[PDB]
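Take a look at the structure set out below.
Complex shown without one protein chain; remaining protein chains in place.
Lettered A and B in written order, each chain numbered from 1.
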Amino acid sequence: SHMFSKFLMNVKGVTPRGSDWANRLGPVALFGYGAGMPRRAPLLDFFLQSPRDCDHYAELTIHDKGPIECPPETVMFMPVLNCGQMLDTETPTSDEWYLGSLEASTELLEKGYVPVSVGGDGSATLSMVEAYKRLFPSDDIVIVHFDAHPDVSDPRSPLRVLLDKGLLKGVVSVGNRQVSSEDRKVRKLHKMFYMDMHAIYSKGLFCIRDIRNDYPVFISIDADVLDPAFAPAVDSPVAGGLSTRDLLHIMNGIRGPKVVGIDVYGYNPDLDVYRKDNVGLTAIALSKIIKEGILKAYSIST
Amino acid sequence: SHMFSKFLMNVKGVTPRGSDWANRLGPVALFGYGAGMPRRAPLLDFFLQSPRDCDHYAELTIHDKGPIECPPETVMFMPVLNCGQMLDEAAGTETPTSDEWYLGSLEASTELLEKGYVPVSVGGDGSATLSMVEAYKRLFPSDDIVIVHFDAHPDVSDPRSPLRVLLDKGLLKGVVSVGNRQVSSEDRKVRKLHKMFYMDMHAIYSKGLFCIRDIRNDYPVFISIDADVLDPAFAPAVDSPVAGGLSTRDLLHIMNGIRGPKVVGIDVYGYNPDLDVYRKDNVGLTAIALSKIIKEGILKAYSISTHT
Partner (left out) sequence: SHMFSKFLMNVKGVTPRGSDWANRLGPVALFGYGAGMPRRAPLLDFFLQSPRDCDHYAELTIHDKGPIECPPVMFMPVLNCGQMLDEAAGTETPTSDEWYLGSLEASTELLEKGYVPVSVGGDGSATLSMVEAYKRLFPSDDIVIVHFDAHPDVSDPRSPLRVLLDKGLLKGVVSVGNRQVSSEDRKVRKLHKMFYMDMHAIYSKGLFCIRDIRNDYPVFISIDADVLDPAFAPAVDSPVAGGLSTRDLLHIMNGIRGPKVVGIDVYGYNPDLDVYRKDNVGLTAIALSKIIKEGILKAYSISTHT
């Protein structure tokens, strides 16, 4: 697709991971993905202008081009390579979106970057772990999946495709609270672990200490995992969800050797609640989640 | 009132609870009640178009007419009979009086209950709580009734408040108030005088909201839910918002702990569309929240017991 040309050209022209990085996690690469969402997708730009200090005492540094210096160990910098928006003049197809995502992710991954996808409908999850599986067929992938919906009742869902192709060692679904009959069948069938909202709440959300894991984790976050009061900008809201702090806390509990990728999705500008100054509540919430997701890519361990 | 005629006509034509329902909970009947609220009342319609799968792994099935088949125990269906809006718009530009709302509500509740349905009222100002437990008390004079009332306000300082009328008439066995956080001096007096149990916001928060496991009770339970029991961040569409309230999930959790042999009825009220916070697609935040609360309230009607 010619719409992805300027982006793809800049991404494969990205300076590879330097030798100064050896034995260290990262660096992180960030791009805007917009499949299944309106053409105007302002989440990436909103994050890039957001404050850079994290919950945990570290600081993001954002760069438009390389080389990406590996910061000194006493420096709490976390470099992020901004690769910009995938689209820059008619709505591209899902397959075209799939190809652009697969290509960009593959390129970044083989250059030693941790790909972070922001926006879209969740289809990036499929293509990003496929980009990883092609490059590293030996590595077993596990997905931590934050969502109001199990999203395995549709055979075309990114998560279902991956389980059908057998590209996933395991899946952990968090915050589900609209579980259909079909969902329950696929759950038992593929032996998925799940932490549904009501059960996660009655145990004490703050009492969640670890999501134990030994394999590289992909982090997939549907914005609708958050309560509609914190993240209203979603197509299929389910009330009674996580607070932004709840989600941050659980994210911080994710363990593993490395992060294969991150997809933050489900955000639709047309559905947000807006302040009088036209800043959307969901954009505020997700910018924070994206920042602490980036932190986790730099700090994860078993 | 002629404004309720088409509704009332449909209601008394409703198929009675069949023999296949013998010694089972339910079924549930659902109608739109609009007293004290603007004429445009979208909550029932919004709920009707909402997803059917619940927290706990069951699924609502909605029907415009009977017969309502009792599902096999292995299928987790929960039939709901949609009786529609009590007030028929375009049947007159008249606002029914407090008495007309009361009489209409009283009659529909009586009809549904006698036909073996658990009535669920959606909308209005809280007055349906009065007419619904009176309809039950008429039909079942021997039954003791307890009400679990979710509200930011005790709402018992006004002698004309629905809950105070019930106590003054001695129709209630007991009252459990949950989420109160604007308690007047008069509320305190009426509290001690009628020996109400209550669980104020600060108290249950400091105890740990998830530590609430049960509300012990042996009598048939009426569930009354003021939307303003929720924090204005989750349910802004309320006439008298009081900050520092329940989240939607907090409310869901406490609801799930309600015990009893059966539900006599449910009233979910206090939602005013004129006061909501709207998304850019003009969907109300409070409608989102309440639609979820209504679904899980229905689930409680089908699965309530007296244990743990």
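Methods note: a residue touches a chain if its C-beta (ideal position, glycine included) is under 8 Å from a C-beta of that chain, and two chains touch if they have at least 3 such contacts.
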item	value
Contact partner of the left-out chain, one of B:36, B:174 or B:241	B:241
Candidates B:19, B:23, B:49 or B:185 - the one touching the absent chain	B:185
Missing-chain contacts mapped onto chain B	181-185, 188, 200-202, 205-209, 231-233, 236-237, 240-245, 247, 273-278
Sites on chain A contacted by the missing partner chain, in the whole complex	51, 53, 55-57, 59, 76, 204, 206-207, 229-230, 243-245, 248-249, 252, 273-277, 279, 281, 284-285, 287-289
